[PDB]
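First the structure, in the form of structure tokens, and then the observations on it.
Note that one protein chain is taken out, while the other chains of the complex remain in position.
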Amino acid sequence: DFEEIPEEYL
Amino acid sequence: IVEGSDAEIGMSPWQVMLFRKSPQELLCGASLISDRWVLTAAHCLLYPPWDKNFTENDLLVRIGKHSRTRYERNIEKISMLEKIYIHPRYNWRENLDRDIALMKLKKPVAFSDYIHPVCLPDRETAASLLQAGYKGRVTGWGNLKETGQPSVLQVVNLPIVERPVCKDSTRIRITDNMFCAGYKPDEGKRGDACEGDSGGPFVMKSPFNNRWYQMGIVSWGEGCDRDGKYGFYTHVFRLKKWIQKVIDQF
Partner (left out) sequence: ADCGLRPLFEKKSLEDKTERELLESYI
């Protein structure tokens, strides 16, 4: 259930 | 956190969430102690019986958070790990003695209303505050019960327990590098850390200078909020010489 974080952090 | 309550906004601005990249999940709690150093439990990172051995690249630190699952745009900050340092004598074989680790961030995090470092105790504040019956505060996004999950950061205040009572509560060999906290069954009140709260801080507000100090790290327990059991915490002051060494060397 975690909201997506900006791809920049991945 | 079991039998705690919702945190207020900005109540624990040193709170850190350790977040796994893939699959995306809550790994543990942690603490901000400067603009580039995060403190957590060794077991959050390394635990060979369960084949746990994370590398820097495996996780993220999320700072400034309140909601557990939401991406808190314009409020949280997400940071990459440069390096993990685990206590070289962390005893994962036997009792989790010296359950402590440091993470250095790749870049300094900017402090804000929601992001601010906690103090680390010196001898005198530990001597003054780490007393049976004195209460500290534990915070985290861990489970609400031993056997759901919170929408926002949880908080519970818990009294430090006498070392003999800690010892008599468990068959584990306890060391001077651990303390326990929690109410006794006849005290009526409840509360404990639980799965997901691991690595997060046990803090106390000095009545001498009105500053918050992190006296412990959520380390282990038997179940959560069980009558006759206590949460165990890494004794931060007792390992401070290693913390200083690491930060001074790196």
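Just so it is clear, A and B label the chains in written order, and each chain counts residues from 1 on its own.
Definition applied: contacts are C-beta pairs under 8 Å (C-beta built on N, C-alpha and C of every residue); 3 or more make two chains touch, one makes a residue touch a chain.
**Q** Identify the residue among B:62, B:68, B:77 or B:137 that touches the chain left out of the display.
**A** B:137
**Q** Have a look at B:101, B:102 or B:129 and name the one touching the chain we're not showing.
**A** Considering the complete complex, B:129 is the one touching the chain left out.
**Q** Please pick, from B:10, B:185, B:223 or B:228, the residue that touches the omitted chain in the full complex.
**A** The one listed residue touching the chain not shown is B:10.
**Q** Have a look at B:46, B:75, B:119 or B:172 and name the one touching the chain we're not showing.
**A** Final answer for the missing-chain contact: B:119.
**Q** Where the complex has a chain not shown, which of B:55, B:57, B:74 or B:210 is the residue touching it?
**A** Selected residue, touching the omitted chain: B:210.
**Q** Contact with the hidden chain only, please: which chain B residues?
**A** Per the touch rule, chain B residues meeting the hidden chain are 5, 8-11, 13, 33, 112-114, 116-120, 129, 133-137, 155, 157, 159, 204-207, 210-213.
By definition in this document, only the chains that are shown with their structure count from here on.
**Q** Take the average of all CA coordinates in chain A, do the same for chain B, and state the distance between these two points in whole angstrom.
**A** Roughly 24 Å, centre to centre.
**Q** List the residues on chain A that touch chain B in their complex, please.
**A** 1-6, 9-10
**Q** Can you list the chain B residues touching chain A in their complex?
**A** By the definition above, chain B touches chain A via 19, 21, 24-26, 60, 69-71, 78, 80, 149.
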